[PDB]
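The whole structure should be built from the sequences, with the hints applied where relevant.
Single-letter residue listing:
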Amino acid sequence: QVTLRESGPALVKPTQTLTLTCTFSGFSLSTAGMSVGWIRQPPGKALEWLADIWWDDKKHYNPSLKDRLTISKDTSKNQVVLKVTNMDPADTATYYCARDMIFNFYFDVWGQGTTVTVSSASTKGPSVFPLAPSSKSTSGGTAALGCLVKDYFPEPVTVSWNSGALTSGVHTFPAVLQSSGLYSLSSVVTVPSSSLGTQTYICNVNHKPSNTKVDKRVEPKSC
Amino acid sequence: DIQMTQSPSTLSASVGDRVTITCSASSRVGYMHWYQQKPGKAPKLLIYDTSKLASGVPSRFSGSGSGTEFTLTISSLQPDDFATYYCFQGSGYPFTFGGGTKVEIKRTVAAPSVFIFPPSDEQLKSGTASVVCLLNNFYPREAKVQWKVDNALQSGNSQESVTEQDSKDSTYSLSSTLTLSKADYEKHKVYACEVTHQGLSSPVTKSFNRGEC
Numbered sequence: 001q002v003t004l005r006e007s008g009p010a011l012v013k014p015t016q017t018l019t020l021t022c023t024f025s026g027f028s029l030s031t032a033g034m035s036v037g038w039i040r041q042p043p044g045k046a047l048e049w050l051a052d053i054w055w056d057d058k059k060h061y062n063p064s065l066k067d068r069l070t071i072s073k074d075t076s077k078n079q080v081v082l083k084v085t086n087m088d089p090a091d092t093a094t095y096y097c098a099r100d101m102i103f104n105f106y107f108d109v110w111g112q113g114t115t116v117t118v119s120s121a122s123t124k125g126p127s128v129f130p131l132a133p134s135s136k137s138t139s140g141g142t143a144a145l146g147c148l149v150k151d152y153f154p155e156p157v158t159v160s161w162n163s164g165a166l167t168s169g170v171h172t173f174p175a176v177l178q179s180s181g182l183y184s185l186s187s188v189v190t191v192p193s194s195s196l197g198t199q200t201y202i203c204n205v206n207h208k209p210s211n212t213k214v215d216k217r218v219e220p221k222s223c
Numbered sequence: 001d002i003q004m005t006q007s008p009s010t011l012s013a014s015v016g017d018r019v020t021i022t023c024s025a026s027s028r029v030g031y032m033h034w035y036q037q038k039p040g041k042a043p044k045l046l047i048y049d050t051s052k053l054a055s056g057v058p059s060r061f062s063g064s065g066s067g068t069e070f071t072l073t074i075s076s077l078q079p080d081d082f083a084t085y086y087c088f089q090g091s092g093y094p095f096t097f098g099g100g101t102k103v104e105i106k107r108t109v110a111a112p113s114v115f116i117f118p119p120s121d122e123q124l125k126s127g128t129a130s131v132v133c134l135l136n137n138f139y140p141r142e143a144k145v146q147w148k149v150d151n152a153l154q155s156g157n158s159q160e161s162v163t164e165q166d167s168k169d170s171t172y173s174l175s176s177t178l179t180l181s182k183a184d185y186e187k188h189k190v191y192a193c194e195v196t197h198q199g200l201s202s203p204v205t206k207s208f209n210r211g212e213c
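As they're listed, the protein sequences go chains H and L.
Each residue of the first sequence is one higher than the one before, counting from 1 in PDB author numbering.
Each residue of the second sequence is one higher than the one before, counting from 1 in PDB author numbering.
Because the hints were derived from the structure by calculation, they are not lab data.
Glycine residues also receive a C-beta, built at the ideal position from the N, C-alpha and C atoms.
Take these hints with a grain of salt, some might be off.
Said to hold, decoys possible - With the C-beta cut set under 7 Å, the calculated list includes, among others, these residues of chain H facing chain L: (1) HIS60; (2) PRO63; (3) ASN86; (4) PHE103; (5) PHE105; (6) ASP108; (7) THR115; (8) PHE129; (9) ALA144; (10) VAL176; (11) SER180; (12) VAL188; (13) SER194; (14) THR198.
Okay, here's the thing in structure tokens:
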């Protein structure tokens, strides 16, 4: 199928340049009528179109950002690059590449997005702590357990349970920037208390910006 | 440049309700397109060329309009329609998106289940103590959580986080996290999370004594 995937650094310092790459397959950017475009989205704000490139190397830019943007293609590697110079806090966003065609002039297939944060602060891996089930994390016939994912920077972090095999009753909370300037979140799973022994519980945490990967067993505490 | 407004900014409606979202462009465009964005996902093409359904979209959704005024219609709103919807013009450069409309599902009142977790011994060795209070599967979103520590009401050391509305049952979940230093934590016995919500006739308290099983 037609697929696109964005890559680039999670973190850039103010005044530095950002380089993003979109790698695509299931189509070619030498094929007449084909375009790849870049779209961004600041945390909880509207989508904003940035740039596009066409099979014939025609380029277009959003006029407010034009002085800061350069789009380029390498047909030979199925890649499109966007360079954004002089990054500032307003450039913190999720960056999307998408496919457009001359028949459409709309983005029909999108990549999954890559998160970029513009900050002075250093990368930091999370500490991962279990939220052990007990009588106190029981309500009716429901038990709760979880993992506290504490003191990381920047976004994002991923959390799954039992390598993604356990999915129902899972609630992974959105990260909050703490007063210390580092992120924290919990991920919790609910199960009927008399159903707890059906499996063990492992939260797999991955912070790709610090190359950190932690597995944590969450068991009941003893005396 | 061709710019668009979207109305309303936020919409709450029941399952089965007819929903209408409008887009108004600064000058006439030949087509308007529509995207559906779930939280933590890429936007998905929903309607293209004003009226055409994109692949996999149920018949429930339809688009209409011309010139500057366009309409996205959901004839019978379903729990899985919780999203932000954007209009998009690609008729002329620069390409532009409307401000977005967030659609939430109105449901019957459901009381939170309340759960408390003391800090782990692993966190306590590393020098901090986080007390987590969990409110699970409730509606509406609005909820008050108060921490009491040895019968003192806490302020400015607790943070909340709330899930996006659940795509099957339309309920929310919330975490309230109380953070102290290990030193402050070990000074005190009774840790209590007190929860006020529409679905509970009186506040609910979960508490533990520090140091017990």
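Checklist line | Hints violated by the structure (numbers, ascending) | finding: 3, 4, 7, 11, 13 and 14
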